[PDB]
Amino acid sequence: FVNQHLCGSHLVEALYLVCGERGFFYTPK
Amino acid sequence: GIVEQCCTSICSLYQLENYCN
Numbered sequence: 001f002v003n004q005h006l007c008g009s010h011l012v013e014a015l016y017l018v019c020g021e022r023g024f025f026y027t028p029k
Numbered sequence: 001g002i003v004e005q006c007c008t009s010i011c012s013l014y015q016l017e018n019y020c021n
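Same order as they appear, the protein sequences are chains B and A. Count the first sequence with the entry's author numbering and you get residues 1 to 29, in order. Count the second sequence with the entry's author numbering and you get residues 1 to 21, in order.
Looking at chain A on its own, in the form it has when it is part of the complex:
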């Protein structure tokens, strides 16, 4: 989930926007 994608690896805008409502 988001921690694996953005904290323990380098985040991306593409990935962050997957968590917008």
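The following block holds chain B by itself, in its conformation from the complex:
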């Protein structure tokens, strides 16, 4: 799932799945 173009909710979903209990920061700026 990670090796593709990931935008918006698709990118946040990938961060959520990869980062698990660490969580993550989403900084589109």
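The set of hints was computed from the structure by calculation and includes no laboratory data. Do not take every clue at face value.
FRET-style restraints, in silico, Cβ to Cβ [said to hold, decoys possible]:
#, chain 1, residue 1, chain 2, residue 2, range
1, A, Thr8, B, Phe1, 16 to 24 angstroms
2, A, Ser9, B, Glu13, 15 to 23 angstroms
3, A, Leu13, B, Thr27, 15 to 23 angstroms
One-sided and incomplete, this derived list gives chain B residues near chain A with beta-carbon spacing under 8 angstroms [stated by the list, open to error]:
#, residue
4, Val2
5, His5
6, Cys7
7, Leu11
8, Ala14
9, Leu15
10, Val18
11, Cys19
12, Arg22
13, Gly23
14, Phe24
15, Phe25
16, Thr27
17, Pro28
Virtual Cβ for every residue (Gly too), placed ideally from N, Cα, C.
Following the hints, put chain A in place on chain B, whose structure we already have.
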């Protein structure tokens, strides 16, 4: 930042993990 790396170009696990806490 992440949009340039993963949305407008092809993402990678390596790059995604840079955004994990």
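- Item | Violated constraints from the hint list, given by number and in increasing order | Per hint list: zero violations.
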